[PDB]
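Got chain B; can you put chain A on it based on the hints?
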Amino acid sequence: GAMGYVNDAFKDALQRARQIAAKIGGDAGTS
Amino acid sequence: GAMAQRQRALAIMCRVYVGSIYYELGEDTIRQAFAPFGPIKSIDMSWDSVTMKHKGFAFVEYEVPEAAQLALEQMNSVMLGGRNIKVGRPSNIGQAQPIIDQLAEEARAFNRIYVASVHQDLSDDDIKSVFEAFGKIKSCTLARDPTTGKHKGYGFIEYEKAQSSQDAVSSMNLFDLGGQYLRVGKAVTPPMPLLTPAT
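Going down the list, the sequences are from chains B and A.
When you line the first sequence up against the entry's author numbering, it's residues 22 to 52, in that order.
When you line the second sequence up against the entry's author numbering, it's residues 99 to 297, in that order.
Don't read these hints as lab results, they were simulated from the structure.
Hints are supplied without guarantee of correctness; some may be wrong.
[Said to hold, decoys possible] Facing chain A, from chain B, some residues (calculated, C-beta under 8 Å):
#1 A23
#2 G25
#3 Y26
#4 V27
#5 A30
#6 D33
#7 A34
#8 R37
#9 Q40
#10 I41
#11 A43
#12 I45
#13 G46
[Unchecked claim] DSSO-like cross-link-like pairs, simulated, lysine-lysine; straight-line CA separation at most 27 Å:
#14 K248/A - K284/A
#15 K236/A - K184/A
#16 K259/A - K32/B
#17 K139/A - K44/B
#18 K236/A - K32/B
#19 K259/A - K234/A
#20 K151/A - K184/A
#21 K284/A - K32/B
#22 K44/B - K248/A
#23 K259/A - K284/A
#24 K32/B - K234/A
#25 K139/A - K248/A
#26 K139/A - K151/A
#27 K226/A - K44/B
#28 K153/A - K32/B
#29 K44/B - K236/A
#30 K139/A - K184/A
#31 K32/B - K44/B
#32 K284/A - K139/A
#33 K259/A - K226/A
#34 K139/A - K153/A
#35 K234/A - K248/A
#36 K184/A - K234/A
#37 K153/A - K184/A
#38 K259/A - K236/A
#39 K236/A - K248/A
Every residue, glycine too, gets a C-beta built ideally from N, C-alpha and C.
So here's chain B without its partners, still in its complex pose:
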């Protein structure tokens, strides 16, 4: 799709991003 306004890449990003925050930053329970 359109770059800069990435739809998949940045969602890949954030699944990892809150994963990394889940261990340290904000515990959400399981994941």
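Here is chain A on its own, set in the frame of chain B:
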């Protein structure tokens, strides 16, 4: 060599002027507001009277001018309260302009992106999650903070491609870490001690 200014241009670029201070915020608050940007190195504060109504102005000096850049670009454009602050001193601009454009172009040779507002616990490889999910990174390190013990809320990440860097910047601002949106930018001066002579 007395008075270590080390290029007066850079010395001032690392220190932003804060004018039109809201009211219920002072050096106490401003320190934290720009804390995710860069570590407060020094503050030129104007406390008027014992009353502490901060009647005057303040200067926030960082350890890195990149934090100062983000403080200019983002904080002056986005109202952090019911009053917009004026960041910087439009006076010596133009004179130091060729230097600014030189530094930016010079640091561009390393095409490194600047990551600020980094969550204190969230680590280097963690910030990699988002950046490396868009593009490829050759070097990633958040500056370690000796007094915090962990790391400063910023770091310098290096893309191998200038295209991917620009892609990241467009989305990395939104990087939510526990309620806070991150803040990305670019490196304005070469953040590496490549100074052979300590003059």
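So, going through the hints one by one against the coordinates:
1. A23: With a closest approach of 10 Å, the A23/B hint is violated.
2. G25: Because about 4 Å separates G25/B from the closest Cβ in chain A, which is inside the 8 Å limit, the hint holds.
3. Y26: Because about 7 Å separates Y26/B from the closest Cβ in chain A, which is inside the 8 Å limit, the hint holds.
4. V27: holds (6 Å)
5. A30: holds (5 Å)
6. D33: Result: holds, 4 Å to nearest chain A Cβ.
7. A34: holds (4 Å)
8. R37: holds (3 Å)
9. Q40: holds (7 Å)
10. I41: holds (4 Å)
11. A43: violated (10 Å)
12. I45: At 4 Å from the nearest chain A Cβ, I45/B passes the 8 Å test, so the hint holds.
13. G46: Holds, because the Cβ-Cβ distance from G46/B to chain A comes to roughly 5 Å (cut-off 8 Å).
14. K248/A - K284/A: holds (23 Å)
15. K236/A - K184/A: violated (36 Å)
16. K259/A - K32/B: Holds: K259/A and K32/B sit about 21 Å apart, inside 27 Å.
17. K139/A - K44/B: violated (31 Å)
18. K236/A - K32/B: This hinted pair holds, its Cα atoms lying about 22 Å apart.
19. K259/A - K234/A: holds (8 Å)
20. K151/A - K184/A: holds (18 Å)
21. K284/A - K32/B: holds (23 Å)
22. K44/B - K248/A: The hint holds at about 16 Å.
23. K259/A - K284/A: Roughly 14 Å separates the two Cα atoms, so the pair holds.
24. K32/B - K234/A: Between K32/B and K234/A the Cα gap is close to 16 Å, so the pair holds against 27 Å.
25. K139/A - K248/A: Distance ~18 Å between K139/A and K248/A Cα, so the pair holds.
26. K139/A - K151/A: holds (23 Å)
27. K226/A - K44/B: holds (15 Å)
28. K153/A - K32/B: Cα-Cα ~46 Å, so violated.
29. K44/B - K236/A: Holds. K44/B to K236/A sits at ~25 Å (cutoff 27 Å).
30. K139/A - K184/A: At roughly 20 Å apart (the allowed maximum being 27 Å), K184/A and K139/A satisfy the hint.
31. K32/B - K44/B: The hint holds at about 19 Å.
32. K284/A - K139/A: holds (20 Å)
33. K259/A - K226/A: Roughly 16 Å between the alpha carbons, so the hint for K259/A and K226/A holds.
34. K139/A - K153/A: holds (22 Å)
35. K234/A - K248/A: Distance of about 25 Å is within 27 Å: holds.
36. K184/A - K234/A: violated (36 Å)
37. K153/A - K184/A: Holds, at about 15 Å.
38. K259/A - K236/A: Distance ~10 Å between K259/A and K236/A Cα, so the pair holds.
39. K236/A - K248/A: It holds: about 22 Å lies between the C-alpha atoms, which stays within 27 Å.
Of the numbered hints listed earlier, those contradicted by the structure are 1, 11, 15, 17, 28 and 36.
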